[PDB]
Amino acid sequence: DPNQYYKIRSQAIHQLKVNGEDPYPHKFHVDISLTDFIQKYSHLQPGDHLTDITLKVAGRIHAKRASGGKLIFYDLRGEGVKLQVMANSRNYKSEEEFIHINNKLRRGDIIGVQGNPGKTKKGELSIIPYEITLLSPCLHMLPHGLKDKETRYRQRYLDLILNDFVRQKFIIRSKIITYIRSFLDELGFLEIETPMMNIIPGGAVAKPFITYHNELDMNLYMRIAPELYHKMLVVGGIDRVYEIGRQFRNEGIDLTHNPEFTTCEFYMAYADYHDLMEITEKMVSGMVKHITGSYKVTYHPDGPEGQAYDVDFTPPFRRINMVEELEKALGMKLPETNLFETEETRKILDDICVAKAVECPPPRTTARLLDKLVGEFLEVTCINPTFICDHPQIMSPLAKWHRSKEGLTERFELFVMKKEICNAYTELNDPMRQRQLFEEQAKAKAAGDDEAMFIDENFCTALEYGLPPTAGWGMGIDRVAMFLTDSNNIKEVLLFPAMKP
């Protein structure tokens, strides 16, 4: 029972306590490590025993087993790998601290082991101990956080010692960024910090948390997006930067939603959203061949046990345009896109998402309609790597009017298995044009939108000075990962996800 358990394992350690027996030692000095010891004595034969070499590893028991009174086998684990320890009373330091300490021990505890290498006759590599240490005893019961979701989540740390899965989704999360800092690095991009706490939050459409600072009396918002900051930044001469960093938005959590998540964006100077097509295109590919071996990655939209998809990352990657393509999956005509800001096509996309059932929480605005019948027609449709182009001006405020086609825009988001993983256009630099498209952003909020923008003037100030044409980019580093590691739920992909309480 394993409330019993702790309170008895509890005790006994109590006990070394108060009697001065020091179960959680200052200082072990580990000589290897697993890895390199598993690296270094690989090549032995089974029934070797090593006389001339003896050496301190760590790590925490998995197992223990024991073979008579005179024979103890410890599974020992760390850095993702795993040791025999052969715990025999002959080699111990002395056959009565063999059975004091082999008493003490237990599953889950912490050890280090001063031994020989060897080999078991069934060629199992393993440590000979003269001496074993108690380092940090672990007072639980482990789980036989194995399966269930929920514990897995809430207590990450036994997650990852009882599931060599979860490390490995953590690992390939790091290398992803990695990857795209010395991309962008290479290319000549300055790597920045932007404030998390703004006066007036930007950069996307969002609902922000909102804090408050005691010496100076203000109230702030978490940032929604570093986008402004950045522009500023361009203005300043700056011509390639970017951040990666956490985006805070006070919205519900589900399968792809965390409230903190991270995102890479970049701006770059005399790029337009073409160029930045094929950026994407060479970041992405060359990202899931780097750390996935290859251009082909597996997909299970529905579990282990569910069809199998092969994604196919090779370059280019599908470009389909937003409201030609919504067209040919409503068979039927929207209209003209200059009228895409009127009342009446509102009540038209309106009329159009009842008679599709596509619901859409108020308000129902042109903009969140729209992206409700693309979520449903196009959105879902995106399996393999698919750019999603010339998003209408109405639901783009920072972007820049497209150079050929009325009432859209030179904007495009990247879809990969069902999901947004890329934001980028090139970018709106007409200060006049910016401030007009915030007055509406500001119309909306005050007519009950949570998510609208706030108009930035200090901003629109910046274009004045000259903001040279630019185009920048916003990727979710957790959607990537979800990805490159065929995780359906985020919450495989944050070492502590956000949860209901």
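Numbering follows the first chain given and starts at 1. First, how it differs from the form deposited in another entry.
For the two-part rigid motion between the two forms, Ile320 is not grouped with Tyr179, each C-alpha going to the part with the better superposition fit.
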The other form holds:
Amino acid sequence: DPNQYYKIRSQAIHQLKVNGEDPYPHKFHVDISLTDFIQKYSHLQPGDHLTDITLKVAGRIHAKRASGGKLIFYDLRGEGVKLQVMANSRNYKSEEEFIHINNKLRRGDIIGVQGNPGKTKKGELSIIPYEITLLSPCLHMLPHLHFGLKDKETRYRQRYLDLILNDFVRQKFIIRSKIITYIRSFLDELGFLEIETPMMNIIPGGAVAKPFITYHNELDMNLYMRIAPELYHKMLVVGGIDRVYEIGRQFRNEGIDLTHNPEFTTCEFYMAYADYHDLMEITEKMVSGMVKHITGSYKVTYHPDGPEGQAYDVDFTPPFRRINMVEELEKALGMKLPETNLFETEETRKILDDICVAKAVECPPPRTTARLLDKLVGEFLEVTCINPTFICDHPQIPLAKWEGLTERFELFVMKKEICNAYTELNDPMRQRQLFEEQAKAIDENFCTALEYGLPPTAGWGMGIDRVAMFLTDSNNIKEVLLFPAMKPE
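Now that you have shown the form deposited in one PDB entry, what about the form deposited in another entry?
Coming up is the bare chain, nothing alongside it.
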């Protein structure tokens, strides 16, 4: 069993220490990465052996296949590449020390290799070791070679084991970092200032979201983990920093599952003297440019239900489809809806309720205008948004800006919102009124800031984790979080 293997191996390692062969006190200086070792010496023809060149490589042993006792082959792994170590007893420092190192090494051990490049008769590039050094043994039993960790729960609870055994996982978080790095580069080149704003607030945000509450001792007061940096960003726009963005963590005290995590990453930027239409060009350039630069093409494949399930083609080629919500809902329903400034009335609500019935689009027991419109929008518009599609001018039925239609777009990809933009409010009187009525159902410092004068501004937000899922062909959030929150063992 795995526990016995662990007890046996830990004993053998303890014995190596008392014998003065402690593997850990060693430090190993690599002369060439495995990736570069391949590049330089992949041109050698079968049977080559560069006796003159001695180099030091390191990596993790994934396979050990003997060939009589005079020859052992190791599958040395690292950086996502493979390199064969052909341990030939003749070529080792001595026969006695060749036997001794092979006796102690097991699958999974970290080792450094000093030897000469070369290609075997079968033609696979190798390094012929003059000396192999154990640097850090693997004390636990790993799965059988071509087996691995299929159990997602284990993969998520032991990410280091997941990366040791599954190369596709490493490529995911490389993709994740390239997304964040691309956003910074795109926005920096537009003159945006990357900023950091408080993650702990003296009062909870004016938003529907159960918060993380923590207590500050010296202040004798509770602090609240942030849900978003918006109000800090607009205070800086008032201060004269016209273009600000922040790619940082947000916190929500809610339920954990395959699509929700208590901490997650968002990007927000605010741009003075812009409206939601100006941000549509920017969103199209960034998102499309991001996809092509990272993946090599404008067309991506996504598996909403797993590799075995259906596969959707997603075409990020510009221009992205644009739609005005009400007009397209009318065109999709084949009927004219009430004029947009009569959407608060109870007569319009009835009409929507009837429409949902007549087309078998059932609504939550709360059959309101907001909910009947939500499920109509979802069933007739959002579901058709396979390619990147801007959905704009949503009915108010409360922030944003104003003939009954909100100044805004949401960008949908694979039937889901990945980012959205708003034209911002700057009337300090109106912003105040919202706060005080919201507080009966307030940020005094932010109201004051608007009293000094916020210019016309446009806001923009994106959920990074969702974007990482769609571009890594992942269908749960635990695949794109290095150490996802997990329910108790």
